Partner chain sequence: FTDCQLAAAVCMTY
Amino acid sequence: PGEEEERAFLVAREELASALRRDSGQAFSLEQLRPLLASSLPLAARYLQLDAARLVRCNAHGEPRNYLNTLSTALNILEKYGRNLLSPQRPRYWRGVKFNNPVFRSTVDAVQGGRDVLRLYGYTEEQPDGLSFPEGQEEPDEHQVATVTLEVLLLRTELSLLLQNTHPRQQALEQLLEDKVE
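In the form deposited without the partner chain, what is the structure of this chain alone?
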């Protein structure tokens, strides 16, 4: 991980976050994400907003095929919350998220630290049955939301590829989990 290796990564990371701001419903290809996937950087360096190591530590229980799927699905839902905040057609009820929502209960509530990601978006204040933005806040911090969404999108992409045995840096992640995803 040289200085020119850390430079290429920061740059693509800032650009991809900008891509989300322009089109929130936009889908990202594997080739589009690879500069952030195939980098030889420390885990704590790739995920600055997201605590990837803690997500693994608190959720890696049982078979890899199980908790990686539980994790990907949860991250997928969390990603959508972010995409919605950046969307031109944003729900009028965007200021809050309810934990007893059918999708949330079956996805995000299954993973430890799902609520922690929501606060990164801006859902910092405690509302009944969930989290919400402060009352005085007019709009989401689009740059903050774009940054978090990208990392959430990133981590899900890595976990998905692990299951597929197609990750460009597969060995490093299997050493993190200390188990092979068959």
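By rigid core we mean the largest C-alpha set that fits within 1.5 Å across both forms. Residue numbers count along the first chain shown, from 1. Shifts are known only where both forms have a C-alpha. First, how it differs from the form deposited with the partner chain bound.
With the core held fixed, the Cα of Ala110 is displaced between the two forms by less than 2 Å. With the core held fixed, the Cα of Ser87 is displaced between the two forms by less than 2 Å.
When two forms of a protein are overlaid on their rigid core, residues whose CA moves 2 Å or more are considered shifted, and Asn101 is one of them between the two forms. Listed in sequence order, the runs of 3 or more residues present in both forms whose C-alphas shift by at least 2 angstroms between the two forms, with the core superposed, are 2-4, 101-103.
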Second form
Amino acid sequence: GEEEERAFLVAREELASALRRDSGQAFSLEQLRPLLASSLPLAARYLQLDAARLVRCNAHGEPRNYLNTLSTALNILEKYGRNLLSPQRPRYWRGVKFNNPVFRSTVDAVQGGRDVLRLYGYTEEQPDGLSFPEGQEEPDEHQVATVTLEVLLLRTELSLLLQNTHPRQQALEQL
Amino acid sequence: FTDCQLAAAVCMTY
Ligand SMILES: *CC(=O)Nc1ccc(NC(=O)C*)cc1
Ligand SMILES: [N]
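Switch from the form deposited without the partner chain to the form deposited with the partner chain bound and print that structure.
Full complex below, order starting with the chain above.
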């Protein structure tokens, strides 16, 4: 019981370290197999992200549509975490503003998309968006890397469901 | 959207 969980968390920490080593690294489906072909429930596999809430609270309409709106939001949210791990961060990375057409159509189009930015470190609720606390001067690399991996893993899981090739497709379809 | 519209927009919200 705890051995399958241990093997998952070790593989999760290994893949999150590679993100810190290279923020632009792309992971193959083979590298994610320990994370993809796991019998553990969602709460044991997603420690930062709330995968069940992000999926069920956005499951409205056809799965062809809302799983795709979720994937696009997860895609752009992955880039937010990758830029934080980059050796040359963007100039104004400390704050994110919400009055953008792409942001409205991606992050603000899914329930709980803003809360993923909080997991990166954007905890200060600002007028136009979110920002880091005044104390921190740099993001927590381990926290950003683990959240970016979970965002990457969930987008992968949803993409395999859209292709009907998920290794545990029947279990995940029953949300 | 395309992958480059997403990355450019990320830098726009900063
Ligand atoms: C095609 C592609 O990779 N485009 C692209 C555009 C912009 C950015 N970055 C910023 O705007 C900060 C990266 C990639
Ligand atoms: N920005």
